[PDB]
Structure formats: structure tokens, C-alpha cells
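Spelled out, the chains give:
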Amino acid sequence: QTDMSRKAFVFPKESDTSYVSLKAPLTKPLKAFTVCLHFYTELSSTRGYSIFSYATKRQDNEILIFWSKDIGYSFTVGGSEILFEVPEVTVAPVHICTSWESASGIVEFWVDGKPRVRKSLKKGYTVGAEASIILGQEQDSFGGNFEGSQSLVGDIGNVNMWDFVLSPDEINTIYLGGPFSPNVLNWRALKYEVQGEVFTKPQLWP
Amino acid sequence: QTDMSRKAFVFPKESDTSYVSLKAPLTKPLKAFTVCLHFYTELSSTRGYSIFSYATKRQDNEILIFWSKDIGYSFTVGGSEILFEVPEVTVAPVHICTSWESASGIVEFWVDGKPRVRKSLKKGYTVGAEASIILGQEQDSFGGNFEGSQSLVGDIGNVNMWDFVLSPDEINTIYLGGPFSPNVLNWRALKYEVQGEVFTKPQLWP
Amino acid sequence: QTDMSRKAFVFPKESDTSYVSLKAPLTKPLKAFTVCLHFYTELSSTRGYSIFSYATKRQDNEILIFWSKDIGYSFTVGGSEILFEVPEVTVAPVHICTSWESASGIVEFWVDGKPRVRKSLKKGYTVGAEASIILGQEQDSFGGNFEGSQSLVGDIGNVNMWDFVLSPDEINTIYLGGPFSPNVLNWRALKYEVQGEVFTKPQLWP
Amino acid sequence: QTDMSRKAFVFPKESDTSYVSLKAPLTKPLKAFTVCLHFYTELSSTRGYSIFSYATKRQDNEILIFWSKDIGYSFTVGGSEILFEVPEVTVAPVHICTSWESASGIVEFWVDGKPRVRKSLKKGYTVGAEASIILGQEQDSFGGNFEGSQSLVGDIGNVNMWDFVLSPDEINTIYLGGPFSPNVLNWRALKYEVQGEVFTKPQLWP
Amino acid sequence: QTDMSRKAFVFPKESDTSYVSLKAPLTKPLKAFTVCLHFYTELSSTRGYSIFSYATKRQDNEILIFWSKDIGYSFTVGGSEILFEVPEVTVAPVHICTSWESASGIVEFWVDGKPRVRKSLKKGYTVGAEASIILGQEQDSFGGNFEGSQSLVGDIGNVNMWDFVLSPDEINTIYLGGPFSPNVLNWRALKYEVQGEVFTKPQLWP
Numbered sequence: 001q002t003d004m005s006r007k008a009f010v011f012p013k014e015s016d017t018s019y020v021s022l023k024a025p026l027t028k029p030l031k032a033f034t035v036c037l038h039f040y041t042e043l044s045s046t047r048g049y050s051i052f053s054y055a056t057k058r059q060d061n062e063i064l065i066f067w068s069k070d071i072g073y074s075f076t077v078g079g080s081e082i083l084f085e086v087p088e089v090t091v092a093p094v095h096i097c098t099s100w101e102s103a104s105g106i107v108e109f110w111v112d113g114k115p116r117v118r119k120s121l122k123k124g125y126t127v128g129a130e131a132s133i134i135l136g137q138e139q140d141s142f143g144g145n146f147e148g149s150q151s152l153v154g155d156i157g158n159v160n161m162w163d164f165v166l167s168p169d170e171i172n173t174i175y176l177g178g179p180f181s182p183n184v185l186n187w188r189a190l191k192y193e194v195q196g197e198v199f200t201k202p203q204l205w206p
Numbered sequence: 001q002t003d004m005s006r007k008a009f010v011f012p013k014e015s016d017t018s019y020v021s022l023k024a025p026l027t028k029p030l031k032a033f034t035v036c037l038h039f040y041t042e043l044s045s046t047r048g049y050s051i052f053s054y055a056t057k058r059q060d061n062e063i064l065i066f067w068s069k070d071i072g073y074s075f076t077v078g079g080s081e082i083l084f085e086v087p088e089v090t091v092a093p094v095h096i097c098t099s100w101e102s103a104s105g106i107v108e109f110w111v112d113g114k115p116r117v118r119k120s121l122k123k124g125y126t127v128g129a130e131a132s133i134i135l136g137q138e139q140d141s142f143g144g145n146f147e148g149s150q151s152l153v154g155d156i157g158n159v160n161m162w163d164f165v166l167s168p169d170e171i172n173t174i175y176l177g178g179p180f181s182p183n184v185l186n187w188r189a190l191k192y193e194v195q196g197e198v199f200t201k202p203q204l205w206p
Numbered sequence: 001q002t003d004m005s006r007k008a009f010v011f012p013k014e015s016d017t018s019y020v021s022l023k024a025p026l027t028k029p030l031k032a033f034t035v036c037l038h039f040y041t042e043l044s045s046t047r048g049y050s051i052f053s054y055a056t057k058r059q060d061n062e063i064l065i066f067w068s069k070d071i072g073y074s075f076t077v078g079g080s081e082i083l084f085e086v087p088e089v090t091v092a093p094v095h096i097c098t099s100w101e102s103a104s105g106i107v108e109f110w111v112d113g114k115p116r117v118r119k120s121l122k123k124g125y126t127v128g129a130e131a132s133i134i135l136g137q138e139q140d141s142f143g144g145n146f147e148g149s150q151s152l153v154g155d156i157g158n159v160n161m162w163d164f165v166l167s168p169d170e171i172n173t174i175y176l177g178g179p180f181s182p183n184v185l186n187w188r189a190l191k192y193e194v195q196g197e198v199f200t201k202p203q204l205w206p
Numbered sequence: 001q002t003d004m005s006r007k008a009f010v011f012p013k014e015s016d017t018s019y020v021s022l023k024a025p026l027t028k029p030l031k032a033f034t035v036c037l038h039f040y041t042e043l044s045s046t047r048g049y050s051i052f053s054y055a056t057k058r059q060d061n062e063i064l065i066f067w068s069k070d071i072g073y074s075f076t077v078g079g080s081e082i083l084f085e086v087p088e089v090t091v092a093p094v095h096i097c098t099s100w101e102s103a104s105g106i107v108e109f110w111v112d113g114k115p116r117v118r119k120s121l122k123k124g125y126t127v128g129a130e131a132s133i134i135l136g137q138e139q140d141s142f143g144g145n146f147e148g149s150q151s152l153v154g155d156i157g158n159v160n161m162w163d164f165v166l167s168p169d170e171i172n173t174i175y176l177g178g179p180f181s182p183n184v185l186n187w188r189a190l191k192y193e194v195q196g197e198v199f200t201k202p203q204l205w206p
Numbered sequence: 001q002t003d004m005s006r007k008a009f010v011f012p013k014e015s016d017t018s019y020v021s022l023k024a025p026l027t028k029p030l031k032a033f034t035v036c037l038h039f040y041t042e043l044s045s046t047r048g049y050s051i052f053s054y055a056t057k058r059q060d061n062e063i064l065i066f067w068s069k070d071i072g073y074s075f076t077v078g079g080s081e082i083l084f085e086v087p088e089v090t091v092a093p094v095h096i097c098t099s100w101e102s103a104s105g106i107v108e109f110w111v112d113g114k115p116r117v118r119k120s121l122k123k124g125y126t127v128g129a130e131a132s133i134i135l136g137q138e139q140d141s142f143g144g145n146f147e148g149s150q151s152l153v154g155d156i157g158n159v160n161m162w163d164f165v166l167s168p169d170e171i172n173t174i175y176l177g178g179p180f181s182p183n184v185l186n187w188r189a190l191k192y193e194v195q196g197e198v199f200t201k202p203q204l205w206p
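Residue numbers (the entry's author numbering), protein chains in the order written: chain D, 1 to 206; chain E, 1 to 206; chain A, 1 to 206; chain B, 1 to 206; chain C, 1 to 206.
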């Protein structure tokens with residue numbers, strides 16, 4: 001466990017081998033969860049890329065935050081996809097917090113602290129705990145099979161995961177860089193493995 | 001009577017059966033009244049929907065706040081409609097307070113605290129007290145007969161009704177979330193009934 | 001004399017009979033004067049209308065503040081007209097103070113506190129005191145002969161008249177709602193007569 | 001010498017005879033100098049006009065600040081002209097301070113306190129002291145020969161001249177209306193002669 | 001060594017001979033370095049020009065910050081070029097800090113304090129110390145061979161160089177005009193040689 005406060009991973013070269021593998025001390029299936037992270041890249045106006053790949057033995061797209069060109073952020077759970085349209089994109093670091101609950105099928109998507117409309121997805125599903133979490137690549141098969149046109153070039157950090165739905169105030173605090181205690185994946189006590197061209201540098205975002 | 005402070009109803013699925021029925025302890029015909037409520041949805045640029053349906057035995061459109069695509073907010077009382085044009089629409093929660101008086105036929109429409117021009121409507125009319133108040137659907141017949149293309153997808157709350165015209169200062173306080181005492185329908189001591197896919201969640205708006 | 005502080009006249013229906021007649025305790029011809037008033041209407045983008053009609057036995061257009069569509073505010077004294085172009089119009093209440101002096105022919109036009117370029121008009125003229133001041137209509141004949149397409153729909157108040165040119169600081173105070181003492185027509189001690197569909201309500205502007 | 005603090009000259013009518021003649025207590029040729037003044041007019045989008053005409057027996061355009069339509073401010077010394085492009089023009093009073101030095105040929109042009117790029121002009125020249133300074137007209141011959149299409153309609157004041165290059169801080173103070181001591185032409189102790197339709201009024205700019 | 005605080009070099013005439021030659025007390029090859037400087041010119045929308053030319057016996061483009069029209073800032077090291085696109089350009093002084101590291105090949109480009117995405121360039125290279133640093137010209141051969149269409153017209157100063165990568169906080173301080181200690185090239189104790197039409201003046205930027 002190492003403190004990545006004020007640090008981020010760098011993926012400077014578009015490639016199909018540079019990636020960082022994350023290990024979650026997970027033991028129970030998730031009925032709900034939220035994920036927050038900073039990322040910064042200029043590919044938005046160019047081609048699609050993968051923000052966060054959570055994969056399991058049954059599905060290569062167990063959880064996938066994906067940008068599709070001219071469309072926006074594409075959130076998918078259990079192999080279904082909603083879209084959250086972004087008409088115009090700005091060139092700057094962006095913070096995003098997304099949360100899903102099994103009971104209602106509600107999905108909350110927060111971009112830059114402003115909440116998007118709630119929607120429905122895969123009501124009654126169960127997300128398995130046997131996970132491979134990968135960053136900088138979209139994983140179409142368990143622990144491998146990446147795509148260069150889906151690999152992400154840029155800077156990312158502060159990745160934190162919970163297993164229950166936070167309240168709006170809480171999201172505001174996360175945005176506010178306040179104290180908080182993630183209980184599934186800790187940026188503050190994180191465990192990781194690096195592969196290929198990846199590097200550790202101070203974060204650009206404040 | 002339950003306190004819905006900081007809470008709203010959620011209609012996530014476009015459907016013709018999810019709706020919430022509200023009971024007003026009303027005993028006198030309204031010579032005037034104001035209604036305030038928060039709502040948030042992205043259908044504005046897509047298709048028409050119903051904000052607030054007040055219906056009685058004589059008219060399915062006794063009071064109707066309705067968005068008509070490319071037009072704006074459409075207010076109707078006793079079966080007549082004015083229009084309040086909105087040239088461009090923004091994607092964010094919006095607050096609206098509307099008031100009508102029997103004596104003059106004046107209608108005041110407040111959107112985001114900025115008052116629209118006063119207009120005329122149905123001077124000398126009487127609104128009956130035998131009411132069915134429905135939310136999330138447009139009711140074309142007493143207690144039923146909804147339309148999927150008119151059902152509203154999104155988040156709403158803080159619905160409050162008076163029976164006399166408030167002053168502009170008062171509207172400002174309402175916007176300001178100050179203390180106030182509604183005497184027909186209380187969000188603070190509200191009575192309700194829920195049907196179909198509807199849920200209670202914390203509000204997104206501040 | 002009644003105090004109209006925080007009050008305005010309402011003309012909700014486009015008509016040729018609703019109007020309010022104002023009586024000035026005037027006894028000397030005006031060599032100069034300023035007029036200030038608030039008005040609010042959405043007809044700006046639709047058709048022309050009359051802001052303030054000052055008429056006498058010799059001229060139906062002794063003083064006329066008139067909006068001409070696609071052109072802007074049209075100020076006329078003694079039967080001649082300048083134009084003050086407004087390229088684009090916003091939908092909100094607008095304050096306007098205009099002043100004319102017989103000695104120089106200078107006309108000062110203030111809109112929302114920002115001064116327009118000074119211009120020339122009818123140098124050496126005399127405005128008569130035998131006046132009929134009318135609001136909400138353009139008067140083409142002494143005390144009558146209105147035009148529906150020139151009648152004004154909306155809300156107006158704070159109408160005040162002096163008989164000498166105020167300084168820019170003074171205009172700023174007027175805009176600032178400071179204390180002031182009009183000596184020809186007092187909103188604070190005003191005298192009036194109402195005809196047709198006209199009503200008294202609290203002002204919308206702050 | 002009269003104090004024109006808070007006062008400006010008015011040229012309301014486009015004409016070829018209204019002008020104001022200024023007398024400088026000048027006795028030495030200028031190796032450098034700066035000139036500052038306020039002016040306000042709406043002709044910018046219509047036709048060209050003259051801001052400041054400094055003329056001598058040898059050249060009708062010894063110094064000329066001239067607006068050329070669709071181009072911008074045109075500064076000329078000793079019969080040569082640079083251009084300072086203005087893409088779009090706003091309708092408001094504008095302050096301008098310009099300075100030239102004989103040693104380097106550098107010209108500094110300040111508009112609304114923001115400095116334009118330095119440029120070169122007429123290096124090694126000498127400006128003569130036998131001057132006729134004219135305002136509101138472009139003078140193509142010593143003390144006469146004006147052009148209606150070059151005469152300026154509007155309001156101007158605060159005209160001050162030095163004979164050495166001020167520093168940027170100094171310009172900032174001038175903009176800031178701070179205390180300062182001009183040594184060639186004083187608005188504070190100015191000497192003038194008026195001809196035709198010209199008048200003295202309080203300034204509109206703050 | 002002379003203090004150029006609050007001073008800049010001026011290149012007013014487009015020419016192929018006016019230039020300023022800078023001598024670095026350098027004795028070791030650079031494994032990394034950052035360079036910061038202010039510059040101001042209006043050629044951005046007209047033609048390409050050279051910001052900073054660092055040249056050695058082996059390469060005329062050892063380091064080159066170059067603006068290419070319709071493209072933006074073009075950074076090149078060891079004869080390779082990345083591009084940092086600028087969609088639209090504003091007319092004002094601009095501050096730029098750029099840094100490169102031999103270990104990773106990372107390049108950081110800061111414009112107006114806002115960081116551009118990190119990229120890759122020439123990993124494992126070595127920059128030689130036998131340098132000719134030239135300003136206002138692009139040098140295609142050791143100590144000569146300039147191009148008029150590449151010469152830069154305008155005002156520049158505050159040029160400072162380090163030999164290791166500063167942190168983001170540090171860049172912020174540089175932008176903030178805070179105290180700092182450059183160890184390769186000091187604006188505060190700078191050594192220089194001037195040739196042709198170049199002059200020393202107070203800086204325009206704050």
C-alpha cells in the first residue's frame with residue numbers, strides 16, 4: 001500500500017501493452033458502488049477510448065466507463081449501455097463520479113460536480129467480486145486482449161471505489177478534496193502493478 | 001403527513017402507469033392560487049410532457065402546466081391556453097412559480113425567479129375544489145387515461161400550493177428556500193399515494 | 001395625490017380603449033425637461049408601440065417616445081424624429097431617462113443608465129403647457145383617436161417629469177432609486193384618471 | 001486658462017465650420033511627445049473621421065490620429081501612416097494615449113489602457129513647434145480647408161500633451177484619473193477658441 | 001551581468017540582421033531543462049516565426065519553440081517535432097514555460113499557467129552544451145543564416161533557463177512573478193550581446 005496523494009499514472013504513447021493492474025481486497029458481490037477518478041486527455045475530439053475497465057470471468061464489460069466519439073460518456077453494466085450526451089467538449093482535466101444501485105437500477109452520473117439526470121439500468125443484477133481492474137485499456141477478455149484504438153493516452157489518478165451509494169453532499173466533498181474513507185479501493189493506501197510504458201508524476205489538476 | 005424536505009419523486013422509465021396521487025384538504029373553490037415546485041428533466045429538447053395535472057369532474061385540464069416542444073411552458077386554466085415562449089433551453093434543474101387570480105384574470109409566471117410579463121386568461125372563472133392532483137402524467141379523464149408521450153421522466157419535489165396571490169418579495173423568499181407556510185398543499189406535511197415505478201431520493205438541486 | 005411607490009399600471013389586453021390620463025399642474029411653457037419611467041413589455045420584437053404620449057392642441061406628437069420595430073427608440077419633439085438604434089433587444093424591464101433643452105437643441109437619451117450619444121433636434125422651439133398626457137396609447141388627436149397596433153401591452157410606473165436638464169450624476173441617482181424631488185409630475189404625489197382595462201399592482205422591477 | 005475638469009466639447013451637427021482652435025505655449029521642436037484624450041462617437045461603423053489634427057506650415061498632417069472605416073485607428077507622423085487594426089468596434093466612450101520618440105522611431109499606442117504592439121515610424125524626424133492644433137476637423141491646409149466627411153460628430157475632452165515619453169505606469173495613472181502635470185497642453189489650465197456650433201457640457205465618461 | 005527586471009528586448013522591424021546573442025555559463029550536457037519567457041507579437045495570425053533558437057554544432061534545431069501558422073506552438077528537440085494545437089489565438093502578451101526530461105521523454109508545455117497534455121519526444125537523447133542561443137531569429141546554421149519570414153517582430157523578456165524539471169507549484173510561482181533562482185540563464189544577472197535594430201525598454205506585461 002503506497003500513498004499516491006498528488007500523483008497520477010501517465011500513458012504517453014498510444015499502445016496496446018502499457019497498462020496498470022489494480023487489485024481490490026474484495027470478498028463480497030457488489031449490490032451497489034460508486035467510483036471516482038480524475039483523468040485528462042485530448043482524444044475526446046479524435047477517437048473513442050476506455051476510462052475504467054472492470055472485468056470478470058463472465059463478462060469483459062462488467063463495468064465500463066467509455067467515451068464514444070461525438071456521443072459522450074457511455075456507462076455500461078452487465079453488458080447494457082446508456083448514453084449521457086455531451087454536446088461540446090472542453091480541453092481540460094475532468095472529474096467524474098458514477099454510482100449504481102442494484103435495488104432500483106438507478107444510475108447517478110456526476111461530471112464536474114454537476115449531476116446528470118438519473119436513469120435506469122439492469123435492475124436486479126448482481127456484480128461479481130472476482131474482478132480484474134485495468135486502467136488505460138479496454139479489456140475484452142480476462143486479463144488481456146487490448147485494442148490500440150481503445151487505449152487511453154493521458155494522465156489519471158485519485159481512483160477510489162466504495163460499495164454503497166454516497167449522498168450528493170458526499171459527492172460535493174469528494175469534489176472538494178475533503179477527507180474521505182473509501183472501503184474497496186484506496187488511492188491513499190492503494191495496491192497496484194505496472195506494465196509497459198507507464199510512469200508516476202505529480203498531478204496537474206489542483 | 002410526512003416531511004419530504006430534501007426529497008423528491010423519481011420517474012426513471014417512460015411509462016403510462018408510474019404516477020403519484022396527491023390529496024388536497026380542500027373544501028372551498030379557488031378564486032386564486034399559486035403553485036411552486038422543482039423539476040428536472042432532459043426531455044425539453046425531445047418531446048412534450050406534463051409538469052402538473054390538476055383535474056376535476058368537469059375538465060381534464062382544469063389546471064395544466066405543460067411543456068410543448070419548440071414552444072415553451074404552456075399554462076392552461078379552464079380549457080384555455082396561453083404560451084410563454086422560451087427561445088433556448090438549458091440542461092439544469094428549473095424552479096417555477098405560477099399564480100392566477102379570478103378577479104382580474106392576471107397570470108404571473110415566474111421561472112428561475114425572473115418574472116415573465118403578466119397576461120390575461122379566463123377572467124371571472126371559478127376553479128372547483130373536487131380535485132384529482134396527479135404528477136408525472138397528464139390526465140385526460142378523471143383519475144386515469146394517461147399518455148406515454150406525455151408522461152414525464154425525471155426528478156421533482158417541493159410542490160406547494162396556496163389559495164391567494166403572493167407578492168414578488170414572497171416569490172423571492174420561496175426561491176430563497178426561506179421559511180414559508182403553504183395552506184393548501186404542504187411539502188412539509190404532505191399527504192401522498194404512489195403507483196408503479198416511483199421512488200424517493202434526496203434532491204439534486206440545492 | 002396618491003403614493004404609487006412600488007406600484008405600476010397594467011395593460012394586459014391589446015386594445016384601443018384602455019388608457020390612463022395624467023394631469024400636470026403645469027402653468028409655464030417648457031424650455032427644457034426630462035422624463036423618467038420604467039416599462040416592461042415583450043412586443044419589442046413584434047410590432048411598434050407608444051411609450052409616452054404628450055399632446056397639445058397644436059400637435060398630436062408634441063413629445064413622443066416610440067419604439068419602431070427593427071429600429072429602436074424613436075424620440076420626437078415638435079413633429080421631428082431622430083432615431084437611437086438598438087441592434088439587439090433583451091427581454092427584461094428597461095429604464096429610460098430622456099432630456100431636451102430649447103437653448104441648444106441637445107437631446108440626452110439614457111437607457112439602463114448608459115448614456116447614448118448626444119444629438120440635435122428642433123433648436124429654438126417652445127413646448128406648450130396646454131397638455132394631455134396619455135399612457136398606453138399613442139394619441140393622434142387631442143384626447144382620443146388611439147390605434148390598437150400602437151397601444152402598449154405591459155407594465156409601467158415611476159413616471160416622473162422635471163422642467164430643467166438634470167446632470168449625469170442626477171440620472172445615476174434616479175437609476176439608483178435615491179431620493180429626488182420632481183417638480184412637474186410626481187410619482188410620489190401623482191394625480192391620475194384610469195379608463196378601461198387598467199389595474200394597479202406591485203412593480204416587478206427592483 | 002480655464003479649468004475644463006469634468007467638461008467636454010460637443011459637436012452635434014456634421015458640418016465643415018464648427019471647430020475649436022487650441023493654442024500651445026510651445027517654443028521648442030518636439031523630439032518626442034504623448035497625447036491623451038477622451039472621445040465618444042458612433043460614426044465608427046459609418047465613415048471616417050479625424051480625432052486630433054496637429055498641423056504646421058510644412059505639412060497638413062504633421063500629426064493625425066484618424067479612424068478609417070473597417071480598418072481602425074490610423075496614426076501618421078510627417079506624412080507616413082501605420083495602421084492599428086481593430087477587428088470589431090464597441091459603442092462606448094474610448095480613451096486613447098499615443099506616444100512617439102524621435103530617437104528610436106518607436107510608437108506606443110494605448111487604447112482603453114491595454115497596450116498595442118510597438119511599431120516603427122519616421123526614425124530621425126523632427127516635429128516643428130509652429131503649430132495649429134484643431135479638434136473636430138481634419139485640416140488639409142494651414143488653418144482651414146475642412147471636410148464634412150472627415151468632421152467628427154460627438155463628445156471629447158481631457159486633451160493633454162507632454163513632450164517626453166511617459167512610462168507604462170504613468171499611462172495607467174492617466175487612465176486612472178490620478179493627479180498628473182502636463183507641460184505642453186493642460187486640460188486643467190487650458191487655452192482655447194471656439195467657432196461655429198460647439199458647446200461646453202459635463203462629461204459623460206466617468 | 002545586468003539586471004533586466006522590468007525590461008525587454010524590442011524587435012520593431014521585420015529584418016534578417018537584428019538579433020541578440022546570449023551566452024550561457026554552461027559546462028555539462030543537459031539531461032533535462034525548463035525554459036520560461038514572455039513574448040508579445042501580432043504575427044500569430046499572419047506568418048510563422050521563431051520564439052527561441054538553441055543551436056549547436058551538430059544541429060541547427062537542437063531546441064526550437066516555433067509558431068506555425070494555423071497550427072500553434074511547435075516544439076522540437078534533436079530534430080523531431082510535436083505539435084500543440086491552438087484553435088484560436090488572442091491578441092495579448094503570452095507566457096510560456098516548457099520542460100523536457102531525458103529519462104522519460106516527457107515534455108511539459110505550459111501556456112498562460114494552464115498545463116497542456118504531456119507527450120513523448122526523443123527518449124534517451126542528450127542535448128549538448130556547446131550552444132549558441134539566439135533570440136528574434138531562427139538559426140539554421142551555427143551563428144548565422146537567418147530568415148526574414150522567420151524573424152520575430154515584437155517584445156520579449158524574462159528569459160530564464162534551468163537544468164532540471166520544476167514541479168507544477170514551481171511553474172505557478174514563476175507565473176506569479178515570485179522569487180526564484182535560475183541556474184543556467186538568469187534574467188536577473190543576464191549576459192548578452194545585441195546586433196542591429198534592437199532596443200531596451202520597460203516591459204508591457206505586468
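Just to be clear, a hint being listed does not mean it is correct.
Copies of the same chain look alike in the list, so a pair counts if it works inside one copy or between any two.
Unchecked claim - Using 25 angstroms as the maximum straight-line C-alpha spacing, the simulated PhoX-like pairs for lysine-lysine come out as follows:
1) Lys-119 x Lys-69
2) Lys-69 x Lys-57
3) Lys-191 x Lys-23
4) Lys-201 x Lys-69
5) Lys-69 x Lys-191
Rather than coming from a laboratory, the hints here were simulated on the basis of the structure.
Against the structure, the hints come out as follows:
Both within a single protomer and between protomers do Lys-119 and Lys-69 lie at most 25 angstroms apart by alpha-carbon distance, with minima of 21 angstroms and 22 angstroms respectively. For a Cα distance limit of 25 angstroms, the shortest separation of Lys-69 from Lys-57 qualifies neither inside one copy, at 28 angstroms, nor across copies, at 46 angstroms. Taking the shortest alpha-carbon separations for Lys-191 and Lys-23, only the intra-copy value of 6 angstroms comes in at or below 25 angstroms, while the best inter-copy value is 49 angstroms. Within a single copy, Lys-201 and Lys-69 get their C-alpha atoms no closer than 28 angstroms, and across copies no closer than 32 angstroms, so neither meets the 25 angstroms cut-off.
Neither within a single protomer nor between protomers do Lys-69 and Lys-191 lie at most 25 angstroms apart by alpha-carbon distance, with minima of 32 angstroms and 46 angstroms respectively.
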